[PDB]
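The chain that follows stands alone, in the form deposited without this ligand, written as C-alpha coordinates.
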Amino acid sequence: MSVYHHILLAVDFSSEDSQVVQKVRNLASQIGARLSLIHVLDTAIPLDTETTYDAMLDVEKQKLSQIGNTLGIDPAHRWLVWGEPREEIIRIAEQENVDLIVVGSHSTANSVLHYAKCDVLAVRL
(Lines of atoms letter the chains of each structure in order from A and count residues from 1; the text may use other names and numbers.)
(Lines give C-alpha, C1' and ligand atoms only; values in the text may rest on other atoms or scores of the structure.)
(Ligands and ions follow the chains in the order given, each with its own letter.)
Protein backbone atom coordinates (compact mmCIF):
# COMPACT_ATOMS: atom_id res chain seq x y z
CA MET A 1 0.00 0.00 0.00
CA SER A 2 1.00 3.62 -0.65
CA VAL A 3 3.29 5.27 1.92
CA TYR A 4 1.39 8.55 1.21
CA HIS A 5 -2.06 8.71 -0.34
CA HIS A 6 -2.59 12.41 -0.98
CA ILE A 7 0.19 14.85 -1.67
CA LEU A 8 -0.47 18.60 -1.61
CA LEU A 9 2.02 20.59 -3.68
CA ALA A 10 2.45 24.29 -2.77
CA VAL A 11 3.90 26.44 -5.58
CA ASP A 12 5.01 30.12 -5.53
CA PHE A 13 5.45 30.66 -9.34
CA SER A 14 9.18 31.18 -9.41
CA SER A 15 11.39 30.03 -12.32
CA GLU A 16 12.26 26.97 -10.23
CA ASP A 17 8.65 25.61 -10.16
CA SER A 18 9.40 23.22 -13.00
CA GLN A 19 12.07 21.28 -11.09
CA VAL A 20 9.65 20.77 -8.20
CA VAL A 21 6.68 19.96 -10.52
CA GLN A 22 8.50 17.05 -12.31
CA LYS A 23 9.94 15.74 -9.02
CA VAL A 24 6.50 15.74 -7.38
CA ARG A 25 4.98 14.11 -10.47
CA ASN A 26 7.64 11.35 -10.35
CA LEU A 27 7.15 11.04 -6.59
CA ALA A 28 3.38 10.59 -6.60
CA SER A 29 3.42 8.21 -9.56
CA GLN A 30 6.05 5.95 -8.02
CA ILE A 31 4.28 5.73 -4.67
CA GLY A 32 0.71 5.75 -6.05
CA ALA A 33 -0.48 9.02 -4.44
CA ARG A 34 -2.98 11.50 -5.77
CA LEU A 35 -2.01 15.20 -6.08
CA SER A 36 -3.65 18.46 -5.18
CA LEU A 37 -2.26 21.90 -5.84
CA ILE A 38 -2.36 25.21 -4.02
CA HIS A 39 -1.00 28.67 -4.48
CA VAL A 40 -1.65 31.35 -1.86
CA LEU A 41 -1.93 34.89 -3.25
CA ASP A 42 0.68 36.60 -3.67
CA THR A 43 -8.41 49.02 2.24
CA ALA A 44 -9.17 52.24 0.24
CA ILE A 45 -10.09 51.69 -3.44
CA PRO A 46 -8.35 54.11 -5.86
CA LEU A 47 -11.07 56.18 -7.54
CA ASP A 48 -8.94 57.84 -10.25
CA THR A 49 -7.88 54.50 -11.80
CA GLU A 50 -9.30 51.25 -13.09
CA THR A 51 -8.62 48.33 -10.74
CA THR A 52 -7.24 45.16 -12.31
CA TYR A 53 -8.15 42.54 -9.67
CA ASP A 54 -9.76 40.17 -12.27
CA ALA A 55 -6.93 40.49 -14.86
CA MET A 56 -4.36 39.96 -12.07
CA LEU A 57 -6.29 36.93 -10.86
CA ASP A 58 -6.42 35.54 -14.46
CA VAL A 59 -2.58 35.65 -14.65
CA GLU A 60 -2.39 33.65 -11.42
CA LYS A 61 -5.05 31.27 -12.62
CA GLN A 62 -3.06 30.64 -15.84
CA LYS A 63 0.12 29.88 -13.86
CA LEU A 64 -1.78 27.52 -11.59
CA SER A 65 -3.35 25.93 -14.63
CA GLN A 66 0.05 25.48 -16.41
CA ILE A 67 1.08 23.42 -13.42
CA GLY A 68 -2.24 21.71 -12.82
CA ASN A 69 -2.43 20.64 -16.52
CA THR A 70 1.05 19.10 -16.44
CA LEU A 71 0.13 17.14 -13.32
CA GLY A 72 -3.36 16.05 -14.54
CA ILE A 73 -5.02 17.55 -11.45
CA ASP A 74 -8.82 18.27 -11.84
CA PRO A 75 -9.59 21.97 -11.25
CA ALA A 76 -11.60 20.75 -8.23
CA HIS A 77 -8.20 19.90 -6.65
CA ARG A 78 -6.37 23.06 -7.58
CA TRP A 79 -6.62 25.81 -4.97
CA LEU A 80 -6.03 29.55 -5.43
CA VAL A 81 -6.70 31.13 -2.04
CA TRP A 82 -6.46 34.56 -0.41
CA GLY A 83 -4.48 34.70 2.82
CA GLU A 84 -1.37 34.01 4.82
CA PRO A 85 0.46 31.07 3.13
CA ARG A 86 1.19 29.00 6.28
CA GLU A 87 -2.43 29.18 7.50
CA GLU A 88 -4.04 28.58 4.12
CA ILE A 89 -1.70 25.73 3.21
CA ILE A 90 -2.45 23.98 6.52
CA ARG A 91 -6.22 24.64 6.28
CA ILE A 92 -6.49 23.07 2.78
CA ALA A 93 -4.31 20.08 3.83
CA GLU A 94 -6.60 19.40 6.82
CA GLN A 95 -9.84 19.95 4.87
CA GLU A 96 -8.70 17.78 1.92
CA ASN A 97 -7.16 14.83 3.87
CA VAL A 98 -3.61 15.44 2.65
CA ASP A 99 -0.87 13.29 4.23
CA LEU A 100 2.19 14.93 2.61
CA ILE A 101 2.67 18.65 1.98
CA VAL A 102 5.37 19.56 -0.50
CA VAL A 103 7.03 22.92 -0.38
CA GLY A 104 10.11 24.55 -2.00
CA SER A 105 12.91 26.28 -0.05
CA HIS A 106 14.61 29.01 -0.84
CA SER A 107 10.17 30.73 5.20
CA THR A 108 6.59 29.85 4.46
CA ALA A 109 8.21 26.39 4.34
CA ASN A 110 9.48 26.74 7.94
CA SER A 111 6.07 27.97 9.20
CA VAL A 112 4.05 25.22 7.47
CA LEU A 113 6.61 22.81 8.90
CA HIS A 114 6.19 24.05 12.48
CA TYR A 115 2.38 23.86 12.43
CA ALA A 116 1.46 21.07 9.93
CA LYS A 117 -0.39 18.00 11.23
CA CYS A 118 1.09 15.82 8.49
CA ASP A 119 4.53 15.13 7.03
CA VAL A 120 6.23 17.90 5.12
CA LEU A 121 8.67 17.53 2.20
CA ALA A 122 10.88 20.56 1.76
CA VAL A 123 12.43 20.63 -1.67
CA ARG A 124 15.69 22.61 -2.10
CA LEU A 125 15.29 25.06 -5.07
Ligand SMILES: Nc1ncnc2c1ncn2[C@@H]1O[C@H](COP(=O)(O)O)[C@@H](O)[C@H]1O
Given for the second form:
There are 2 protein chains.
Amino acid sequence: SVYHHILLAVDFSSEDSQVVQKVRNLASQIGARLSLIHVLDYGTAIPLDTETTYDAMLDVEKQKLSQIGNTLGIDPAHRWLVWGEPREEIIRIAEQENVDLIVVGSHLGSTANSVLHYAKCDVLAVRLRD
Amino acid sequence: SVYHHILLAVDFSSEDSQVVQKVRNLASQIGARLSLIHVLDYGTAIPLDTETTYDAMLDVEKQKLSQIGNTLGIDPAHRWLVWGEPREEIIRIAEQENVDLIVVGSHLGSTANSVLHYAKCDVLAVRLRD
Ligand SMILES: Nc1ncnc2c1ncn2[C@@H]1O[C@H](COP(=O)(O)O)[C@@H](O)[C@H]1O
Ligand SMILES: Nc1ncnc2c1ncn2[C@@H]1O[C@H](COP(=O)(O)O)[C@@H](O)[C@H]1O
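Output the form solved in complex with this ligand next; the form deposited without this ligand has already been displayed.
All chains and molecules follow, beginning with the one already shown.
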Protein backbone atom coordinates (compact mmCIF):
# COMPACT_ATOMS: atom_id res chain seq x y z
CA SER A 1 0.00 0.00 0.00
CA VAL A 2 1.44 3.36 -1.14
CA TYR A 3 -0.71 5.09 1.55
CA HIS A 4 -2.01 3.52 4.77
CA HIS A 5 -4.25 6.25 6.15
CA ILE A 6 -6.39 8.69 4.16
CA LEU A 7 -8.14 11.67 5.85
CA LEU A 8 -11.14 12.91 3.84
CA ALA A 9 -12.14 16.53 4.64
CA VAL A 10 -15.83 17.28 3.92
CA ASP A 11 -17.52 20.74 4.10
CA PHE A 12 -21.03 19.29 3.69
CA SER A 13 -21.67 21.10 0.43
CA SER A 14 -23.41 19.63 -2.61
CA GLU A 15 -19.83 19.03 -3.90
CA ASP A 16 -19.00 16.37 -1.30
CA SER A 17 -20.82 13.59 -3.18
CA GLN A 18 -18.20 13.54 -5.94
CA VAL A 19 -15.32 13.09 -3.54
CA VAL A 20 -17.12 10.44 -1.35
CA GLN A 21 -17.49 7.59 -3.88
CA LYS A 22 -14.13 8.47 -5.46
CA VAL A 23 -12.41 8.29 -2.05
CA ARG A 24 -14.27 5.06 -1.18
CA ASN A 25 -12.86 3.37 -4.35
CA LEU A 26 -9.39 4.91 -3.94
CA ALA A 27 -9.06 3.66 -0.36
CA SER A 28 -10.08 0.18 -1.45
CA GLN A 29 -7.85 0.05 -4.46
CA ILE A 30 -4.75 1.23 -2.58
CA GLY A 31 -5.64 -0.51 0.70
CA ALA A 32 -5.82 2.54 3.06
CA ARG A 33 -7.75 3.10 6.31
CA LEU A 34 -10.21 6.07 5.96
CA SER A 35 -10.80 8.82 8.51
CA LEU A 36 -13.27 11.64 8.05
CA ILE A 37 -13.23 15.29 9.26
CA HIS A 38 -15.67 18.16 9.23
CA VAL A 39 -14.64 21.46 10.79
CA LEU A 40 -17.24 23.67 12.45
CA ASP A 41 -16.41 27.23 11.24
CA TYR A 42 -20.03 42.18 19.92
CA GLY A 43 -19.05 38.81 18.40
CA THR A 44 -18.13 37.01 21.67
CA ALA A 45 -21.47 38.14 23.33
CA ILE A 46 -24.33 35.65 23.70
CA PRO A 47 -28.02 36.63 23.21
CA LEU A 48 -30.00 36.79 26.48
CA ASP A 49 -33.61 37.25 25.12
CA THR A 50 -33.68 34.28 22.76
CA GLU A 51 -33.54 30.52 23.25
CA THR A 52 -30.45 28.83 21.83
CA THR A 53 -30.53 25.69 19.67
CA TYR A 54 -26.83 24.86 19.69
CA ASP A 55 -27.59 21.16 20.47
CA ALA A 56 -29.96 20.78 17.47
CA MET A 57 -27.35 22.65 15.35
CA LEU A 58 -24.61 20.19 16.40
CA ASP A 59 -26.87 17.15 15.98
CA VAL A 60 -27.51 18.27 12.34
CA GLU A 61 -23.72 18.41 11.86
CA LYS A 62 -23.34 14.97 13.43
CA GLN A 63 -26.05 13.45 11.16
CA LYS A 64 -24.37 14.80 7.97
CA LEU A 65 -21.01 13.48 9.25
CA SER A 66 -22.61 10.09 10.05
CA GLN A 67 -24.39 9.83 6.62
CA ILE A 68 -20.96 9.95 4.97
CA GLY A 69 -19.13 7.89 7.70
CA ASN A 70 -21.74 5.10 7.44
CA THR A 71 -21.41 5.04 3.62
CA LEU A 72 -17.66 4.68 3.86
CA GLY A 73 -17.77 2.21 6.77
CA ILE A 74 -15.59 4.47 8.91
CA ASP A 75 -15.70 3.61 12.64
CA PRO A 76 -17.05 6.60 14.62
CA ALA A 77 -13.64 6.52 16.48
CA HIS A 78 -12.22 7.82 13.13
CA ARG A 79 -14.80 10.48 12.39
CA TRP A 80 -13.96 14.03 13.45
CA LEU A 81 -16.16 16.97 14.13
CA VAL A 82 -13.96 19.83 15.39
CA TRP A 83 -14.28 23.59 15.70
CA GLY A 84 -11.74 25.97 14.29
CA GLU A 85 -10.22 27.13 11.07
CA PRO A 86 -10.56 24.33 8.47
CA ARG A 87 -6.92 24.42 7.25
CA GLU A 88 -5.54 24.44 10.84
CA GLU A 89 -7.80 21.68 12.20
CA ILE A 90 -7.50 19.43 9.08
CA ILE A 91 -3.68 19.53 9.45
CA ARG A 92 -3.93 19.16 13.29
CA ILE A 93 -6.00 15.91 13.05
CA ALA A 94 -3.85 14.61 10.13
CA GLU A 95 -0.72 14.95 12.28
CA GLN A 96 -2.47 13.71 15.50
CA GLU A 97 -3.79 10.63 13.67
CA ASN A 98 -0.72 9.65 11.61
CA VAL A 99 -2.51 10.27 8.27
CA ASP A 100 -0.38 9.97 5.09
CA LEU A 101 -2.79 11.43 2.53
CA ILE A 102 -5.20 14.30 3.03
CA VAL A 103 -8.02 14.54 0.48
CA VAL A 104 -9.62 17.97 -0.09
CA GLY A 105 -11.91 19.40 -2.76
CA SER A 106 -10.80 22.26 -4.94
CA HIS A 107 -12.76 24.77 -7.04
CA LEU A 108 -7.91 33.16 -2.34
CA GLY A 109 -6.71 31.78 -0.02
CA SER A 110 -8.63 28.49 -0.63
CA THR A 111 -8.66 25.58 1.88
CA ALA A 112 -7.01 23.20 -0.65
CA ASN A 113 -4.13 25.60 -1.30
CA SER A 114 -3.69 26.32 2.46
CA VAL A 115 -3.62 22.64 3.42
CA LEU A 116 -1.02 22.07 0.62
CA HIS A 117 1.13 24.89 2.08
CA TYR A 118 1.20 23.53 5.66
CA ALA A 119 0.62 19.73 5.22
CA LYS A 120 3.41 17.47 6.45
CA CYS A 121 1.97 14.66 4.29
CA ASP A 122 0.79 14.14 0.72
CA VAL A 123 -2.34 16.05 -0.39
CA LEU A 124 -4.97 15.01 -2.99
CA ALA A 125 -7.01 17.91 -4.38
CA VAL A 126 -10.11 16.59 -6.07
CA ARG A 127 -11.29 19.07 -8.65
CA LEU A 128 -14.95 19.89 -7.82
CA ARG A 129 -17.80 20.97 -10.11
CA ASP A 130 -17.61 24.61 -8.90
CA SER B 1 -9.98 2.37 -11.76
CA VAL B 2 -10.59 5.70 -9.97
CA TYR B 3 -8.02 7.33 -12.35
CA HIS B 4 -7.06 6.11 -15.83
CA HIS B 5 -4.19 8.43 -16.73
CA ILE B 6 -1.57 9.86 -14.38
CA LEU B 7 0.89 12.59 -15.52
CA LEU B 8 4.05 12.67 -13.38
CA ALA B 9 5.92 16.01 -13.51
CA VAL B 10 9.66 15.70 -12.75
CA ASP B 11 12.15 18.61 -12.32
CA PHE B 12 15.20 16.30 -12.28
CA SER B 13 16.18 17.26 -8.75
CA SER B 14 17.44 14.87 -6.08
CA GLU B 15 13.79 14.93 -4.84
CA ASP B 16 12.40 13.08 -7.87
CA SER B 17 13.44 9.64 -6.58
CA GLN B 18 10.83 9.72 -3.82
CA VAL B 19 7.98 10.44 -6.20
CA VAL B 20 9.13 7.89 -8.88
CA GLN B 21 8.74 4.61 -6.94
CA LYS B 22 5.66 5.98 -5.14
CA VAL B 23 4.02 6.86 -8.48
CA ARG B 24 5.07 3.49 -9.98
CA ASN B 25 3.21 1.64 -7.16
CA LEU B 26 0.23 4.02 -7.19
CA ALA B 27 -0.31 3.58 -10.94
CA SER B 28 -0.19 -0.18 -10.54
CA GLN B 29 -2.46 -0.32 -7.55
CA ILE B 30 -5.13 1.90 -9.10
CA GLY B 31 -4.62 0.64 -12.67
CA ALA B 32 -3.64 3.94 -14.43
CA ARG B 33 -1.56 4.62 -17.56
CA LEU B 34 1.54 6.78 -16.72
CA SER B 35 2.84 9.73 -18.72
CA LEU B 36 5.91 11.72 -17.81
CA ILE B 37 6.78 15.43 -18.30
CA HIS B 38 9.85 17.56 -17.80
CA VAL B 39 9.69 21.25 -18.70
CA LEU B 40 12.79 23.02 -19.97
CA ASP B 41 12.82 26.39 -18.10
CA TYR B 42 20.17 41.36 -23.92
CA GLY B 43 18.37 38.11 -23.04
CA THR B 44 17.11 37.23 -26.55
CA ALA B 45 20.66 37.80 -28.06
CA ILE B 46 22.84 34.80 -28.94
CA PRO B 47 26.64 34.75 -28.37
CA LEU B 48 28.67 35.03 -31.59
CA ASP B 49 32.25 34.33 -30.26
CA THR B 50 31.55 31.05 -28.50
CA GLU B 51 30.51 27.60 -29.68
CA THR B 52 27.07 26.48 -28.53
CA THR B 53 26.33 23.06 -27.00
CA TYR B 54 22.54 23.17 -27.09
CA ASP B 55 22.40 19.62 -28.56
CA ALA B 56 24.54 18.12 -25.74
CA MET B 57 22.41 20.14 -23.24
CA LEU B 58 19.18 18.66 -24.67
CA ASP B 59 20.62 15.13 -24.88
CA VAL B 60 21.43 15.37 -21.11
CA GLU B 61 17.77 16.33 -20.52
CA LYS B 62 16.60 13.44 -22.70
CA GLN B 63 18.81 10.92 -20.81
CA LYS B 64 17.44 12.02 -17.39
CA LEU B 65 13.89 11.81 -18.81
CA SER B 66 14.63 8.34 -20.27
CA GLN B 67 16.22 7.03 -16.99
CA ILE B 68 12.88 7.66 -15.27
CA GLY B 69 10.67 6.66 -18.29
CA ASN B 70 12.51 3.33 -18.62
CA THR B 71 12.09 2.63 -14.87
CA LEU B 72 8.37 3.24 -15.08
CA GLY B 73 7.95 1.41 -18.40
CA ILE B 74 6.43 4.49 -20.04
CA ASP B 75 6.41 4.34 -23.87
CA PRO B 76 8.50 7.23 -25.28
CA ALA B 77 5.22 8.33 -27.04
CA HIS B 78 4.08 9.29 -23.47
CA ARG B 79 7.21 11.06 -22.31
CA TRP B 80 7.29 14.84 -22.68
CA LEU B 81 10.15 17.23 -22.85
CA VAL B 82 8.74 20.72 -23.49
CA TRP B 83 9.97 24.28 -23.11
CA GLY B 84 8.06 26.90 -21.22
CA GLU B 85 6.79 27.77 -17.81
CA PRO B 86 6.37 24.54 -15.78
CA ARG B 87 2.84 25.28 -14.48
CA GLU B 88 1.59 26.31 -17.97
CA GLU B 89 3.14 23.38 -19.87
CA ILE B 90 2.23 20.74 -17.23
CA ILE B 91 -1.44 21.82 -17.48
CA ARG B 92 -1.20 22.12 -21.32
CA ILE B 93 0.02 18.48 -21.75
CA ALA B 94 -2.46 17.23 -19.07
CA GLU B 95 -5.36 18.71 -21.04
CA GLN B 96 -3.89 17.71 -24.48
CA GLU B 97 -3.40 14.11 -23.29
CA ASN B 98 -6.67 13.54 -21.38
CA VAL B 99 -4.86 13.07 -18.03
CA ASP B 100 -7.06 12.71 -14.91
CA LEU B 101 -4.43 13.04 -12.18
CA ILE B 102 -1.38 15.28 -12.19
CA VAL B 103 1.35 14.35 -9.70
CA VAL B 104 3.72 17.12 -8.54
CA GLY B 105 6.23 17.42 -5.71
CA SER B 106 5.80 20.00 -3.01
CA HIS B 107 8.26 21.53 -0.52
CA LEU B 108 5.70 31.57 -3.46
CA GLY B 109 4.25 30.98 -5.96
CA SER B 110 5.31 27.26 -6.02
CA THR B 111 4.69 24.96 -9.03
CA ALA B 112 2.45 22.63 -6.95
CA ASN B 113 0.23 25.49 -5.80
CA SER B 114 0.06 26.98 -9.35
CA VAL B 115 -0.88 23.68 -10.98
CA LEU B 116 -3.60 23.24 -8.27
CA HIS B 117 -4.97 26.72 -9.13
CA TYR B 118 -5.29 26.11 -12.90
CA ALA B 119 -5.66 22.27 -13.19
CA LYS B 120 -8.89 21.03 -14.75
CA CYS B 121 -8.23 17.60 -13.19
CA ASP B 122 -7.28 16.15 -9.81
CA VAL B 123 -3.81 17.00 -8.43
CA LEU B 124 -1.58 14.89 -6.14
CA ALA B 125 1.07 16.89 -4.28
CA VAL B 126 3.72 14.57 -2.94
CA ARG B 127 5.41 16.15 0.04
CA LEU B 128 9.17 16.21 -0.71
CA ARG B 129 12.15 16.11 1.67
CA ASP B 130 12.88 19.85 1.16
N1 LIG C 1 -15.46 23.16 7.38
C2 LIG C 1 -14.74 22.27 6.63
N3 LIG C 1 -14.50 21.02 7.08
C4 LIG C 1 -13.81 20.13 6.36
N5 LIG C 1 -13.31 20.38 5.13
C6 LIG C 1 -13.47 21.60 4.58
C7 LIG C 1 -14.21 22.65 5.30
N8 LIG C 1 -14.21 23.76 4.49
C9 LIG C 1 -13.51 23.44 3.37
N10 LIG C 1 -13.08 22.15 3.43
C11 LIG C 1 -12.32 21.41 2.42
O12 LIG C 1 -11.97 22.30 1.37
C13 LIG C 1 -12.67 21.99 0.15
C14 LIG C 1 -13.04 23.27 -0.62
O15 LIG C 1 -13.25 24.30 0.33
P16 LIG C 1 -13.12 25.91 0.16
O17 LIG C 1 -11.79 26.19 -0.49
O18 LIG C 1 -13.24 26.34 1.62
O19 LIG C 1 -14.35 26.23 -0.68
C20 LIG C 1 -13.82 21.11 0.62
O21 LIG C 1 -14.21 20.14 -0.35
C22 LIG C 1 -13.22 20.39 1.79
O23 LIG C 1 -12.39 19.36 1.24
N1 LIG D 1 10.82 22.03 -15.04
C2 LIG D 1 9.89 21.22 -14.46
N3 LIG D 1 9.36 20.17 -15.13
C4 LIG D 1 8.46 19.35 -14.57
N5 LIG D 1 8.01 19.48 -13.31
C6 LIG D 1 8.44 20.51 -12.54
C7 LIG D 1 9.43 21.46 -13.07
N8 LIG D 1 9.68 22.36 -12.07
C9 LIG D 1 8.90 22.02 -11.01
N10 LIG D 1 8.18 20.91 -11.30
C11 LIG D 1 7.23 20.20 -10.43
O12 LIG D 1 7.09 20.93 -9.22
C13 LIG D 1 7.66 20.24 -8.10
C14 LIG D 1 8.31 21.22 -7.11
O15 LIG D 1 8.79 22.33 -7.86
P16 LIG D 1 9.05 23.86 -7.38
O17 LIG D 1 7.81 24.34 -6.66
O18 LIG D 1 9.30 24.52 -8.75
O19 LIG D 1 10.30 23.71 -6.53
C20 LIG D 1 8.57 19.21 -8.75
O21 LIG D 1 8.69 18.01 -7.99
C22 LIG D 1 7.84 18.89 -10.02
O23 LIG D 1 6.78 18.01 -9.66
